[PDB]
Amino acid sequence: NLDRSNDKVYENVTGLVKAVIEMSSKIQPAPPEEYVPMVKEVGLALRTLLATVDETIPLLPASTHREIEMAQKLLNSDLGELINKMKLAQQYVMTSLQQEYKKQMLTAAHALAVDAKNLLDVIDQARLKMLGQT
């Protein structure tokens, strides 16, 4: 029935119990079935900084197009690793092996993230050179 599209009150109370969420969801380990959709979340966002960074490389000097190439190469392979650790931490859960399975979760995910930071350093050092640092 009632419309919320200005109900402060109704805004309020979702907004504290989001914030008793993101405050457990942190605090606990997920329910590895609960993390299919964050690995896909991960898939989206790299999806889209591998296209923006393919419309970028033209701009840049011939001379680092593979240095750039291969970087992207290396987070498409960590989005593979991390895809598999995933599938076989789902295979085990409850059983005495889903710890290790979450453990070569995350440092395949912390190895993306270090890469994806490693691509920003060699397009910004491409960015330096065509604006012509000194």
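Positions refer to the first chain, counted from 1. In this text, the rigid core denotes the largest set of C-alpha atoms whose superposition between the two forms falls within 1.5 Å. Compared with the form deposited in another entry:
In the overlay on the core between these two forms, a shift of 2 Å or more in CA position is seen for a single residue of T48, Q91, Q28, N76, which is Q28.
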Second form
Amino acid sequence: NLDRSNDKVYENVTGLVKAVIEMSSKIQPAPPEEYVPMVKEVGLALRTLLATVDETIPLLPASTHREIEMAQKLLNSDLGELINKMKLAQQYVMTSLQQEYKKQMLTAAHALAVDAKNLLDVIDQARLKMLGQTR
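Now show the form deposited in another entry, given that the preceding structure was the form deposited in one PDB entry.
No partners, no molecules, just the chain.
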């Protein structure tokens, strides 16, 4: 119901989600020299999203602000948890425990994606309350 043609928030949340998805789908058959740069991708995507959000806050109801900020905070946290796991799977490279730590990357990542999506919903709301939509 909201025109997206010039909605970066959306556009960026979409990138972040894709980054995750493509990483989580290429993860199992892959080596560290392949999944680290993938994770870096997620980061860059997350970073870009966050900046965009920052500039958007100044144009949304002071009310919402707090939540959006909290939501932002989570996203960062998530990425970290991901990076930690990535380091782990990186350590136990060719071993009996690699394919197991990778599954933890998967979980971390998926969380990131879910929260990224919620950030969108929170902001989508601000946008609607601001544009003055009915009940």
